[PDB]
Amino acid sequence: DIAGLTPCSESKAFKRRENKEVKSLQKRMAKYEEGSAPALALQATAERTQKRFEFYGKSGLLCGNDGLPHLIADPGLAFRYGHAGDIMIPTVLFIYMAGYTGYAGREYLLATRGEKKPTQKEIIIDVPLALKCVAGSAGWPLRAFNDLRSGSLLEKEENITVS
Amino acid sequence: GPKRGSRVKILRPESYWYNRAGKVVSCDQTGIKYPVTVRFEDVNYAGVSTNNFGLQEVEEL
Amino acid sequence: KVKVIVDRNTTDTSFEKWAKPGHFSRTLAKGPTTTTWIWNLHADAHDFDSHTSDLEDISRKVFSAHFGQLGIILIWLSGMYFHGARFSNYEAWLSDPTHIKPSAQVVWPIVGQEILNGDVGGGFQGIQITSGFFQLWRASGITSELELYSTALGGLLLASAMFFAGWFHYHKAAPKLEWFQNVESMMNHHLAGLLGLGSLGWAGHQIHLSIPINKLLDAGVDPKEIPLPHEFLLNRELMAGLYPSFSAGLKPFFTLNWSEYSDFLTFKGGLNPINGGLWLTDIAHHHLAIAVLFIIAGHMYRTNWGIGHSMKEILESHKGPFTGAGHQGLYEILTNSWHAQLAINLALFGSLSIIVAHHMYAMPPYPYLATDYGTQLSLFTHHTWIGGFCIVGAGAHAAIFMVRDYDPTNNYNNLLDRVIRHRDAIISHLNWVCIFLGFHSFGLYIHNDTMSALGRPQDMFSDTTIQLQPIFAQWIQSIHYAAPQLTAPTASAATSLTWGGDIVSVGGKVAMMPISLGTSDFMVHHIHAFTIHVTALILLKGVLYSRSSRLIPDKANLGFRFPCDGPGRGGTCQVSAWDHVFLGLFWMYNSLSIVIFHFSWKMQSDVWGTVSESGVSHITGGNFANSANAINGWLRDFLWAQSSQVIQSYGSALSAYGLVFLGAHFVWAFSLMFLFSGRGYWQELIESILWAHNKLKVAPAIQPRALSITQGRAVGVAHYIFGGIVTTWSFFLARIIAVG
Amino acid sequence: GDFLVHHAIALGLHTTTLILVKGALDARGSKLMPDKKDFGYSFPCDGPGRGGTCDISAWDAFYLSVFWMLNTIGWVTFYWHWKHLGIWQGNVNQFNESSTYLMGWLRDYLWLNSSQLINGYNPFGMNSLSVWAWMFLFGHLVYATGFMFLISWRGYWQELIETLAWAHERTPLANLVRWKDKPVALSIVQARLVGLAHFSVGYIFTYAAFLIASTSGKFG
Amino acid sequence: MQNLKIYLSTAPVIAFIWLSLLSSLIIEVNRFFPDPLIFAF
Amino acid sequence: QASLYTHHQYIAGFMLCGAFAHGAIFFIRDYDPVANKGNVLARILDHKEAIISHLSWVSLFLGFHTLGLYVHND
Amino acid sequence: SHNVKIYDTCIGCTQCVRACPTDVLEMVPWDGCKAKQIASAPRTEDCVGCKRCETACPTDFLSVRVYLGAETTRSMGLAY
Ligand code: CLA
Ligand code: CLA
Ligand code: CLA
Ligand code: CLA
Ligand SMILES: CC1=CCCC(C)(C)[C@H]1/C=C/C(C)=C/C=C/C(C)=C/C=C/C=C(C)/C=C/C=C(C)/C=C/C1=C(C)CCCC1(C)C
Ligand code: SF4
Ligand code: SF4
Ligand code: SF4
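Chains as they are written, first to last, in the numbering used here: chain A, 1 to 163; chain B, 164 to 224; chain C, 225 to 964; chain D, 965 to 1184; chain E, 1185 to 1225; chain F, 1226 to 1299; chain G, 1300 to 1379.
Simulated from the structure, these hints should not be mistaken for lab results. Where a beta carbon is used, it is the ideal one built from N, C-alpha and C, also for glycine. Hints are not guaranteed to be accurate.
In silico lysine to any residue, SDA-like type, Cα no more than 20 Å apart, as pairs [to be verified]: (1) D/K1001 with G/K1304; (2) D/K1182 with F/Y1230; (3) A/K31 with A/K15.
If we take Cβ atoms under 10 Å as the criterion, some of the chain A residues that face chain C in the derived model are [as the list claims (entries may be wrong)]: (4) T101; (5) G105; (6) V162.
For reference, chain A alone in the conformation it holds in the complex:
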């Protein structure tokens, strides 16, 4: 299909790749009589591993010749051809994960800025003031636009330069 790939469920080497692991695993657990937890621990992993195979085959990942599932970047490809969960969705997740801690770091420096000596306030955090920021940081996309358009996000031209 896409890019000369095939869905991993209808792949073949992928099916080798799944059923070659259990063999090497089970031939190993034949050395432990069931009265041993190692007989159970190995068993539980073989059943744990097969779950993910039926998951990867189902979810529709694309395995190339090797049988290993690949991904696809472009929105116009992921979206239209149906699998965007590889990056396109989690690339939104991350930004909200990263910007949240990103923007929660900016407010704290603002709130702790005006004082007698902000320095000791950076070493020793007052967690309540940091908590009020961790709370306030949520919905940073809407709070970033506003510091952006109100003009309070940038520090403008009093920055220092050299020559």
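Given chain A's structure and the hints, the job is docking chains B, C, D, E, F and G with the ligands onto it.
Relative to chain A, chains B, C, D, E, F and G with the ligands alone:
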């Protein structure tokens, strides 16, 4: 000219406080080349918190 | 004269000062101006000469903090026994040691990492152990799991007693200076009390526990039938069955014929050809013989009673014609300054570790150390390095004494004095000895390398070709295999098998056979000599020129640890006496690293491997003296050849070595960033990034500053050594745990 | 595997420019030392003041680029070689399978190629690659020499020469023979320049021997 | 208790405590929801 | 081919690293800010950091993520 | 011989003159200063290049800046 305690912005090209606010600790009534003395909360590379400037450079805000 | 003499309620135990970082040194108490104050805190925390002045304040901090280290070591020993208790396979190992491999650590299943649990033995899955606890615990007569929990708790209990001792002797009741000024008491006690009694106490454990137990094991019983330990000392008739002389009671000891005990106190020498260890009968006769000798040697110093020497007399009564006033200054140096007394301690107590690495190797004193090769290797490489650093400790602190604690008024025309004065002679000659060995030790490989590649093997120094043989070393091994005749008349045999003895087997493995010293053995020791000299050049030069050199007359006033003085004089870069320890660590690293590669692949070549009956085929098939003459065969036969164990492991039990192996490359190559670069480029670059944070108004109030010069040099050595040792760690274990 | 490498390549091009683009724009001056316009082009430092300037110059900035130049080219010439090796040897599966994880680079490309090269000087006899077997060692020893100049800085060696120029001076039979030009530990910048020469000369001869003698040993 | 808090508010403490809250959480998310390559569930 | 392709990559490397060095020797000596006031060269020196800072972002992005994937795949 | 030159910015703190291990900088009286004192370098001969001067200047950007020239028997500080 400029008066003690009032905030300042510094346009001196070679400096660590260039375009950075500072508070005059003292201004001399004299003919000194560099009469005004400012003070900055920030620290220089040398660890210097204070410096003398010329009237042509210091500007009060 | 010698009294207790302590203060009371000196400091105040409270958190007042924990919330005030940098409270100790006057410079740090002012809070961070820049980011360096965060770094300058840690380096100055344990430096007690910057904190304070008098020895009362320093020593209390020093003494009270030794309890800290001991309180940590015991939490460590407790943890190691506990994981022997619950998570180890020990019982299964204990019954069938010739097969089961040792394991303690167990990996939680999550994140697909449970594959690290290897199938080992005794129906168990876990990590291999190279530490060697199991083969100690057999020699201590520990069988069940209950003895281990009792140590884990007892070890973790007494650990809590130390921190209280630490608290009690700093805050509450702190000794005065005079108390720490009593050496002769302290030396009577340590030598008699620790080592003298601590040997008897252990010589009393072996006799009533290990000697009886380890006889019942190799007799073929197993832990299920073994009497409890308190059965042995509470039953004679039980004990007398093992060794009949217990029926004699204590009379033979008192009636003064000790030949009576020749059953359970022997003099034998050689390895026991069942367990492979040293015969455990004489090891009791060992400690006992030492303990009696230490307690004697603890009485030579007088304290109250006017019997025994003082120190000051011993030193000041030695004056030669060559040396002028001899030792008149040494006493008031070593009792008035810690760094002086620390450099002396780290010197020996460092190299004593390296000495241990040869003995535990050459004559293994544990049951079944032979059948596990990873443990003998891991304990030869361990103690060398630990002895290697503690030597460089002597190089660093001796330099600290010069710069700081050294005053001329005490020592004039002294042995210390007369050394500083001719120093240009000492360093110059040592500097010649290195260049000498440089071409002779090393260069002879380049000859061997080249003459090979030119297709003229008739030339390269080898066994068939030009003979360079270790005459003396060979000749030494002659005496000691002829020793248990006349020079050692009462013995079973020679001390160890590395001498001219014969091979010994267990579990189809070679315990120890003899070792032959050929030309390739000759050429290497001189490379050991070459490195050990060069690394002495660097540390000695650091001590003698610490104060002031010919080019920098003031150097002392610039401190122990400083960057260059100028760019002037062609630049002074890295002239300080902290910076000669910087350099010594790359030669230490180099010196010891090849000490190992000599060991590891000599020992695989000429000793280890399975007993094949016919042929005694080794691991490498006995290629060393032929294999490695030139640097030619060190890539092929050693690094290349030996490393095909670590690389092919992924999805295997030891795969965690395959990751670490590379992970130790990344950290090593990462070090080069800090060694090759320089500050001012990194401080300029940070100036740009601040423009980014400023533009977004995110500028921090603790100003980022690039690492200081000597900071960047330290973090450069930190990784270069770290990442470089962790390779050989991963390269050895993955090698032998597979093979051995 | 093709994908992940082109980002390393792309990485190497930026950090090389990042260094060089910096050295150009800070040649005039920066916040730390804004005299560099008038202080010369290649100079050791401004001294251990105001934070201990080192490599502050614009030559020392260039100096650092070479070390990255030799990676981003090393990554290329590696990635070109071992994609082709499989194709010359008739198999596309050695690369695109093991190319993703970093072990195949070490475990497959480096381990197989080294077997032919090291057998040149073999004590059993000289192969026709014994030319390169030697040089591949000559390549490391120069590279390894290069660290002595890059790591150990001057002031250590200048105090060492002092002891030697004292010994040669006061030793007998060498009193009579003396130097015109008083020996001195070579300049700060001079070493780094000498240092980076060894680093490169060694960096090239190993890969020049490995590449040639891998494809001369196998013939693709 | 005044000063015990201020110490617990130092930089390295929170750096330890708060990462060990992520680390633990991110570890256990993988306990119940194992092997999450793509967001498909 | 191998002995060639590597030649012209390395010899292309050194030449660029020299293109920037003489780019610096330019700015360090024979550049004149007066006659260049308001030029295109002076506009670049007017923003040094933007160029420096963004190359510092791109080089880090590729830094963490490219290595971060090789390690994850390992 | 190294070059050392001094600027208007001096406060006359003498903290340079205390630094020079060869005693180059020598305080010359002056007028426009607050303390009416200015350093100066009569010997460019014996400036070794330590730049212990530039570390000692309390001034924001230095009142002394040592410009390293060529290096003679003295300015190399040779005992040989
Ligand atoms: C939370 C504060 C904060 C914020 C808002 C930013 C924001 C920024 N940094 Mg940054 N940075 C920070 C902390 C922060 N940094 C710290 C603590 C360090 C190291 C000590 C750095 C080191 C750093 C470098 C080296 C670079 C940036 C860059 C950037 C810019 C691009 C974003 C990026 O890719 O960074 C990527 C971030 C990193 C590589 C490291 C960040 C590590 C985390 C985020 C720091 C921890 C945050 C802190 C614990 C939050 C506490 C919250 C609590 C007090 C309430 C952007 C302006 C880049 C730039 O200027 O390009 C334009 C750049 O080159 N920063
Ligand atoms: C028989 C008497 C005796 C004994 C056994 C010890 C034993 C010890 N001393 Mg010691 N000491 C003594 C008398 C004695 N001392 C006297 C009279 C003085 C006065 C000059 C000193 C002054 C002194 C200093 C200044 C230092 C020691 C240190 C040490 C320890 C050595 C370091 C080590 O590796 O320990 C190995 C540890 C063990 C083998 C664990 C066993 C530890 C247990 C608790 C036995 C300790 C017994 C000890 C005598 C205390 C008992 C009395 C107390 C319970 C009331 C060790 C615990 C060093 C040390 O660690 O400082 C804390 C150290 O720096 N001692
Ligand atoms: C492989 C790299 C390498 C090499 C070869 C050396 C070599 C040397 N270092 Mg060293 N060093 C290195 C890396 C290296 N270093 C690194 C990475 C560091 C960082 C910590 C240091 C740090 C360091 C210190 C701190 C010290 C040394 C010292 C020495 C010298 C010891 C005397 C000696 O062996 O000379 C003998 C020469 C050799 C062994 C080289 C072999 C070459 C052959 C045999 C000769 C060639 C024949 C002929 C001349 C060919 C040329 C002909 C041609 C022109 C046509 C020696 C020159 C010490 C020193 O100088 O004091 C003695 C010293 O104090 N180095
Ligand atoms: C056609 C191209 C070209 C030209 C005309 C120049 C011209 C110049 N360059 Mg330049 N340069 C170039 C390419 C070029 N460069 C490239 C490609 C680079 C990057 C590598 C540089 C990097 C560079 C720097 C960093 C500097 C110059 C400098 C100079 C000026 C003086 C050069 C000098 O003193 O050399 C004199 C001759 C030598 C120094 C010979 C030294 C030998 C070198 C170190 C190579 C040694 C390695 C050797 C090949 C190993 C042999 C291997 C064998 C033993 C096996 C001069 C204007 C300098 C300048 O203007 O400063 C003000 C200066 O600092 N250039
Ligand atoms: C730092 C320095 C000192 C002072 C002055 C000085 C100018 C020397 C300054 C600059 C130094 C240097 C070397 C600057 C730049 C070096 C570099 C990397 C130049 C490379 C530029 C690359 C360029 C254009 C590529 C442009 C686009 C191309 C090919 C592709 C075109 C095409 C596409 C993409 C598809 C095929 C068909 C078509 C349309 C032809
Ligand atoms: S640059 Fe770094 S090394 Fe060279 S002198 Fe200044 S401080 Fe010492
Ligand atoms: S130069 Fe710097 S230090 Fe010397 S006097 Fe003028 S100001 Fe004070
Ligand atoms: S550098 Fe020249 S001037 Fe500055 S102190 Fe050292 S000698 Fe005196």
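Item to check | Unsatisfied constraints (hint numbers, rising) | outcome: Violated hints: 3 and 4; rest satisfied.
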